[PDB]
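Notes follow the structure.
Note that this complex is displayed minus one protein chain, with the remaining chains in position.
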Amino acid sequence: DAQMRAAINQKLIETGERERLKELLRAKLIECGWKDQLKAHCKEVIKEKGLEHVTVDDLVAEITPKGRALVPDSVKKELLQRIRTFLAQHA
Amino acid sequence: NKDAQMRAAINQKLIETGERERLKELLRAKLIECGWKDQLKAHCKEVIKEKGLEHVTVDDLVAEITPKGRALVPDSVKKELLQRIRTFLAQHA
Partner (left out) sequence: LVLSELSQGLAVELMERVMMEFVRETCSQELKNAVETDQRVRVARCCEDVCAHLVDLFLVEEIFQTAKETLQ
């Protein structure tokens, strides 16, 4: 049910938990080199398409699929655990 | 396109400020210092001597002389003019 999801999301937000998890997620992605991989891929797409042609929308479209696939399953496992811990303590 | 526009803007900025004239006078001074003028006129005297004064024309003279004239310009003089243009540009937006 979506109404439940809306209720939880609102809680994550007002409790500041969402902002906190977001910060730690970003920090872990930076730490493991995930962001450096994005930048490396951008450099190649720029060199391939050319600055006279490429836009930000082009880069995102080209880089996203690989980016999504390179998010480590370890951080996804830890995130899920944080969410469950959060639900258990607020419900 | 965009480069041509940028060249035009730089060019116009040099004229509006009077910088083009200062560059011209700068080049003139440097050409004297490196002996460009002296070397060129000696080349003129040689060609005149072969062609003969009567036969030679100035347009004809310019034809055999200009290649040498362009070659006599030292790269250091070119570098120095380039540097002043870049500096000028940094101090004018």
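Which chain is which? They are A and B, in the order written, and residues in each are numbered from 1.
The criterion applied here is as follows: a contact is a pair of C-beta atoms (placed from the backbone, for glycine too) under 8 Å apart; a residue touches a chain by one contact, two chains touch by 3 or more.
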### Summary
Interface residues of subunit A toward the undisplayed chain are 4-5, 8-9, 12, 18, 21-22, 25-26, 29, 35, 38-39, 42-43, 46, 51, 54-56, 59-60, 63-64, 67-68, 71, 76, 79-80, 83-84, 87
### Task
For the chain that got dropped from the picture, name the residues of subunit B it touches.
2-3, 6-7, 10-11, 14, 20, 23-24, 27-28, 31, 37, 40-41, 44-45, 48, 53, 58, 61-62, 65-66, 69-70, 73, 78, 81-82, 85-86, 89
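Everything that follows uses one rule, which is that only the chains that are shown with their structure count from here on.
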### Task
Starting from the mean Cα coordinates of subunit A and subunit B, work out the distance between those two points in Å.
59
